[PDB]
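Shown here is one chain on its own, the form deposited without the named molecule, set out as structure tokens.
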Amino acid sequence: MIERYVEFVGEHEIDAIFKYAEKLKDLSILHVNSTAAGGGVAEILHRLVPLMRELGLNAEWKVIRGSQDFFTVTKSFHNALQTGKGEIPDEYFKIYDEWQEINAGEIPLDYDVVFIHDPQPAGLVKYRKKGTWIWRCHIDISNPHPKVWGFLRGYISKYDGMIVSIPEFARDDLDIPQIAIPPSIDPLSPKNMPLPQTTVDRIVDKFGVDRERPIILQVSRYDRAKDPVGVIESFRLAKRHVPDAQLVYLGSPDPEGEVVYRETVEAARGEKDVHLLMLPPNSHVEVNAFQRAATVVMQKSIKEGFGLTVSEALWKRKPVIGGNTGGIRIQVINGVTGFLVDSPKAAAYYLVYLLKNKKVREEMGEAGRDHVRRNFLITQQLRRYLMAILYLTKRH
């Protein structure tokens, strides 16, 4: 409930939210993405859409369907757009388009406002009627594979507006409005709520991790973009100087991903104190408990549109060692809320610095929680989302 947020952000932001929502009460809003389970987008929508309806907005959230072929194509597009690299068969474009049509027939699109999340449903804009169409981009499109980008830009050019996570993802080759809105954490979700010590203790012990010794935690999938191998390498460098330290890689189960996990177990071979965990999706309380038991959190991404796991860690007063890329850079303020690093070596250096400097850790943790309170709580994202709808629907 919106009132419960006053203790975090204060009445001014809450009154402004209600004021904006008053001007939108008569609009029908559709959100579309490609998954209702796990990932940053699903986790935002699961908290953001219910808050919209409580404000009395008519907001609906539909998820596309696809074959396993379809998700091979979209995962190759994702990696292409973020890395700038890859070999894309022309067949991939055909499969994408087919599933846009299947999905258009099965999804009524007659809304005043349509939000399409990420590249997977971006092709639905070919079946647009009227209203205001907004492309919500959650990925790094600063330096994309030019063919996958050129194809996807075909569709993006047909939208009325576009939301990116940080301003650095705004494109020069697009002349539609491009609005920077950082994602956010819901401080009252199961992922972020306060837990009793009894629950933290109980969940951390269940996975054989020792609470009496320092815990280094990365929460992320076993994807190349999260660099699980580099995190193990960072940890093995640090272990020479912090012998008690434990590593917990808390992941979720693609054939590329099964190889990454494989390489991670291999890079970890010879270390008892490395825990490569594999939790079912929606293990929110378990992620909460691990983030609260952690001494230091890593998010050593090679590419990251934002990385909610960073704001989650900072909110629980944990310093983060972040990959110097994408939206990690607005969450990790170097020397203040954590350290930005370009290599496993520099990650290792800062792991050792933070594990040996308790007062600095605790102080960065307080600065971390304060940075999230002012910038990355759901109420901030909701206010800016309402402001964007109001702005773009008045241009039509």
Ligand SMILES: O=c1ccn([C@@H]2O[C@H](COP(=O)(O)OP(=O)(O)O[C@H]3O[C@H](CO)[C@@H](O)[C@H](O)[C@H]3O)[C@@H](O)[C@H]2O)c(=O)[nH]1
The other form holds:
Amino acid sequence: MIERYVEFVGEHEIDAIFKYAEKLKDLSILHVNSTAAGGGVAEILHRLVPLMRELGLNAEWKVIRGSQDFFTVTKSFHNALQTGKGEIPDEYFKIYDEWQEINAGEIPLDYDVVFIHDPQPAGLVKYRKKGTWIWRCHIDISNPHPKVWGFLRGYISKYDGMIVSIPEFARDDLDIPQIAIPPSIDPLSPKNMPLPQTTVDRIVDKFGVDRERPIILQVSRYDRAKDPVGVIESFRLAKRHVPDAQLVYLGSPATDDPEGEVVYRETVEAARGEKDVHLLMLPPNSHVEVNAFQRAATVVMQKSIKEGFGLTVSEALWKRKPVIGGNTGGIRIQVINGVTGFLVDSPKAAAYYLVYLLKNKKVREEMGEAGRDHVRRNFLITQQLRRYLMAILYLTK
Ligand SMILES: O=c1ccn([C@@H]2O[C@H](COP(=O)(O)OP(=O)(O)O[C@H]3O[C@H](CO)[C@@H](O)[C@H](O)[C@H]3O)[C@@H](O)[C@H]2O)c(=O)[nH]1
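Switching forms now, from the form deposited without the named molecule to the form deposited with the named molecule bound, please provide the structure.
Then the entire complex follows, led off by the chain already shown.
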């Protein structure tokens, strides 16, 4: 399995992974998250944990269960931490704590290393036994809702360490080690592997999208932080100068997002009037369909208001597509302004750069190549895996 990555990263990184893994062969490692299918965390763990096993680590991945009430609370925490907005009643904290207790009763926590992914299972640390506990934060916690952060910091401050996606998310109100590890893409997954043109054509055709006209694509949940409405507004402004252009918004449900269905309707509303707008909702693990659309796209957008990293940016850059990205969080380490695409602060700036890229085929192609090179150097699964092993070795001494 690992030997296959030599092509992309060279012998020296593969040697490094083997020597780190050799030191860790005797350790039991648990990963805990809140979703089995959908979202970036499940995307990482579905590839990362099997690779840990290939290297001879005793790695397990557990998904917590919860009610709709629990996932309503966790999503409100998610939005509050990233945006600093909203009212959070004390009832939310009681619901949160009860589901930590329920899950703790059904998870064996006495692993050498426990990785807790994102806020949903952070409270499990109350029931810790032996071993090293690491909190893996996938979101923007630079400017959080003080009530939600106050509550969660009570748990995080009990961890042995913390991983954030970029240094800028490191907290000055935590004294535990805060390690920056960017997420990555697995070039060998069905999400990112080469596709034959016949498959790309067939999937784009199936969804009624014109393969002969430009495609502007955003792959994202119907979530306010992804700004599907602002993407529609970007498209409307740009279509004035590229009237043949089409917009594809490709969304899909996650287990732990109970408002994915609500935001659709204000997207559909904002879309009514335009017929080259395609609002797709695909089942979980529609890997090949996302792959195909990313390969069909002329330009890809990830115009997030808030973003921990945004795997969809690296997925597009790897397939040699330039990205127009929201000027926020981990998008800024993937989109090198004027090299791998453009960082934008408004739909107006998004539209400006959409028209520029649609009118400049040679620039698109060169930015595409620079994107793939930037992902190759920085955001492949081998790099993320090596930093995980390094983090474990450090934090277990
Ligand atoms: O219809 C869809 C929409 C998305 N995806 C995939 O789902 C993932 C989405 O990941 P990302 O764009 O990163 O978003 P989140 O689900 O919000 O992921 C969280 O965790 C990720 C990993 O750390 C970070 O990149 C994010 O910023 C963070 O919010 C990618 O693999 C997408 O291809 C699909 O397969 N189908």
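Numbering follows the first chain given and starts at 1. Between two forms, the rigid core is the largest collection of C-alphas that superpose within 1.5 Å. Only residues modelled in both forms are compared.
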After core superposition, I'd like to know whether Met193 moves between these two forms (criterion: C-alpha shift of 2 angstroms or more). no
Structural rearrangement between these two forms, runs of 3 or more with C-alpha shift of 2 angstroms or more, core superposed: 254-259
